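*Asks:* Following the hints, put chains C, F, D, B and E in place on chain A, whose structure we already have.
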Amino acid sequence: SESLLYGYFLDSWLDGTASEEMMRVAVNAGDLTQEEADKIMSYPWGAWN
Amino acid sequence: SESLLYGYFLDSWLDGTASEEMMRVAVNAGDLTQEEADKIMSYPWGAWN
Amino acid sequence: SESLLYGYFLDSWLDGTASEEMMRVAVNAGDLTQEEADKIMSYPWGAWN
Amino acid sequence: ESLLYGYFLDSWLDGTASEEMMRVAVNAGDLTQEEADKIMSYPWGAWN
Amino acid sequence: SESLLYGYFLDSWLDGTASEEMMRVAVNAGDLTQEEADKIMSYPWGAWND
Amino acid sequence: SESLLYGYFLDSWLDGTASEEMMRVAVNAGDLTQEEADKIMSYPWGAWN
Numbered sequence: 002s003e004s005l006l007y008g009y010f011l012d013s014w015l016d017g018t019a020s021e022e023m024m025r026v027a028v029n030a031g032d033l034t035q036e037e038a039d040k041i042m043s044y045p046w047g048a049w050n
Numbered sequence: 002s003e004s005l006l007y008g009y010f011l012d013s014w015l016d017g018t019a020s021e022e023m024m025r026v027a028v029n030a031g032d033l034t035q036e037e038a039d040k041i042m043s044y045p046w047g048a049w050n
Numbered sequence: 002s003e004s005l006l007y008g009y010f011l012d013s014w015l016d017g018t019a020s021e022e023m024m025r026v027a028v029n030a031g032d033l034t035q036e037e038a039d040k041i042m043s044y045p046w047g048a049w050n
Numbered sequence: 003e004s005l006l007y008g009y010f011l012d013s014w015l016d017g018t019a020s021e022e023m024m025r026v027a028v029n030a031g032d033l034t035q036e037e038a039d040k041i042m043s044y045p046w047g048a049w050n
Numbered sequence: 002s003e004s005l006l007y008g009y010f011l012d013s014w015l016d017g018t019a020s021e022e023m024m025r026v027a028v029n030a031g032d033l034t035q036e037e038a039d040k041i042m043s044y045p046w047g048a049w050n051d
Numbered sequence: 002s003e004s005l006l007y008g009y010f011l012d013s014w015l016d017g018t019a020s021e022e023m024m025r026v027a028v029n030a031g032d033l034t035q036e037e038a039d040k041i042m043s044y045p046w047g048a049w050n
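Just so you know, the protein sequences line up as chains A, C, F, D, B and E, in that order. Heads up: the first sequence is residues 2 to 50, going by PDB author numbering. Heads up: the second sequence is residues 2 to 50, going by PDB author numbering. Heads up: the third sequence is residues 2 to 50, going by PDB author numbering. Heads up: the fourth sequence is residues 3 to 50, going by PDB author numbering. Heads up: the fifth sequence is residues 2 to 51, going by PDB author numbering. Heads up: the sixth sequence is residues 2 to 50, going by PDB author numbering.
Okay, chain A solo, but in the shape it has when bound:
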């Protein structure tokens, strides 16, 4: 049920490599659900940068 790349995209958001645009591209591609993208974006951007 959880997307295979959830951890991958969460980590990219945490290190500030992924932008809001790239999270939307992932949702469009079906690599994340909108709910997962929203969950990831609730974390602080680049907190592990």
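Hints listed in this document are in silico derivations from the structure and should not be mistaken for laboratory results. Every residue, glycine too, gets a C-beta built ideally from N, C-alpha and C. Treat the hints with care, since some could be wrong.
Unchecked claim - Capping the alpha-carbon separation at 20 Å, the derived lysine to any residue pairs in SDA-like fashion look like this:
1) E/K40 <-> B/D51
2) E/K40 <-> B/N50
3) C/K40 <-> C/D12
4) D/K40 <-> D/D12
5) B/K40 <-> B/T18
6) A/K40 <-> A/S4
7) D/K40 <-> E/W49
8) C/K40 <-> D/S43
9) E/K40 <-> B/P45
10) E/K40 <-> E/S20
11) C/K40 <-> D/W49
12) C/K40 <-> D/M24
13) C/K40 <-> D/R25
14) D/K40 <-> D/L6
15) C/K40 <-> C/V28
16) E/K40 <-> E/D12
17) B/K40 <-> F/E3
18) F/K40 <-> F/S20
19) E/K40 <-> B/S20
20) A/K40 <-> A/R25
21) D/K40 <-> E/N50
22) B/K40 <-> F/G31
23) E/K40 <-> B/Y7
24) F/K40 <-> A/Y7
To be verified - Reference excerpt, derived from the structure (chain C facing chain A, CB under 8 Å, subset only):
25) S2
26) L5
27) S13
28) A30
*Replies:* Only chains C, F, D, B and E this time, still in chain A's reference frame:
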């Protein structure tokens, strides 16, 4: 059985990148249970350094 | 389900290491389906940089 | 075998983990005492 | 199904660390099938060196 | 089909970090079988250099 990101968050607690505030964000997102966050926080913060 | 190297090739595209010619080689090798190569290339190349 | 066996073995081999840390891991339930003793049978910091 | 170290050896070929010498060792050891070694070698050797 | 740490020890042998001694300690601990240790040692040590 344990959350997929348990090891991921334990490692960031041990390396001193994750704070208690980050642990709260992870629990709120549903990426850790409160019990797992409490377990992680029983380890010495920044021990690896 | 998904090809084992989907994440591996997506990451290489995102970090700008993989080119469209490399994606063709991966499809030819059978390590990606054409659908997965098309999905990866829809992401914007090099976006991690 | 505990999920973090490999993770703690690696930390012992690169010399980041101490015996005190291995005890904290066992107390947390992330390693069994048997696994902690197995890890400690390896040379500490060998990877260096 | 797929050998566990397929991705590992493909990455070593792309980064130029592996040559057919390594591919032969892995096949002999049973860490790769000949078909997988052949698939890996169809990629450009050392393409991801940098 | 094989020990969980097979790949981990093979990579350490190929990286040149692991020695023959280390491989025998892994067999002793039961983290590698003697067959796996022998298989790993058939590879060129430190090849990734």
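*Asks:* Can we keep the C/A30 interface hint, with Cβ of chain A closer than 8 Å?
*Replies:* Since chain A brings a Cβ to about 5 Å from C/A30, closer than 8 Å, the hint holds.
*Asks:* Has the given pair, E/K40 with B/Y7, been kept, meaning a C-alpha gap of at most 20 Å?
*Replies:* holds, 16 Å
*Asks:* Holds or violated: E/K40 and B/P45, Cα atoms, limit 20 Å.
*Replies:* Between E/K40 and B/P45 the Cα gap is close to 27 Å, so the pair fails against 20 Å, i.e. violated.
*Asks:* Mind checking the alpha carbons of E/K40 and E/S20 for me, to see if they're no more than 20 Å apart?
*Replies:* holds, 14 Å
*Asks:* Between C/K40 and C/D12, does the CA-CA distance stay at or below 20 Å?
*Replies:* holds, 13 Å
*Asks:* Quickly compare the C-alpha distance for D/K40 and D/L6 to 20 Å and report which way the hint goes.
*Replies:* holds, 13 Å
*Asks:* Tell me if the straight-line CA distance from A/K40 to A/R25 falls inside 20 Å.
*Replies:* Measuring from Cα to Cα gives roughly 13 Å; hence the hint holds.
*Asks:* Does F/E3 sit within 20 Å of B/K40, going by the straight-line distance between their CA atoms?
*Replies:* holds, 19 Å
*Asks:* When you check the alpha-carbon spacing of F/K40 and A/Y7, does it fall within 20 Å?
*Replies:* Distance of about 16 Å is within 20 Å: holds.
*Asks:* Starting from D/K40, check that the Cα of E/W49 is at most 20 Å away, please.
*Replies:* This hinted pair is violated, its Cα atoms lying about 28 Å apart.
*Asks:* Between the alpha carbons of A/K40 and A/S4, is the straight-line distance 20 Å or under?
*Replies:* holds, 12 Å
*Asks:* With chain A as the partner, please determine if C/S13 meets the hint condition of a C-beta pair closer than 8 Å.
*Replies:* Holds. Min distance 7 Å.
When each numbered hint is compared with the structure, violations occur for hints 1, 2, 7, 8, 9, 11, 21 and 25.
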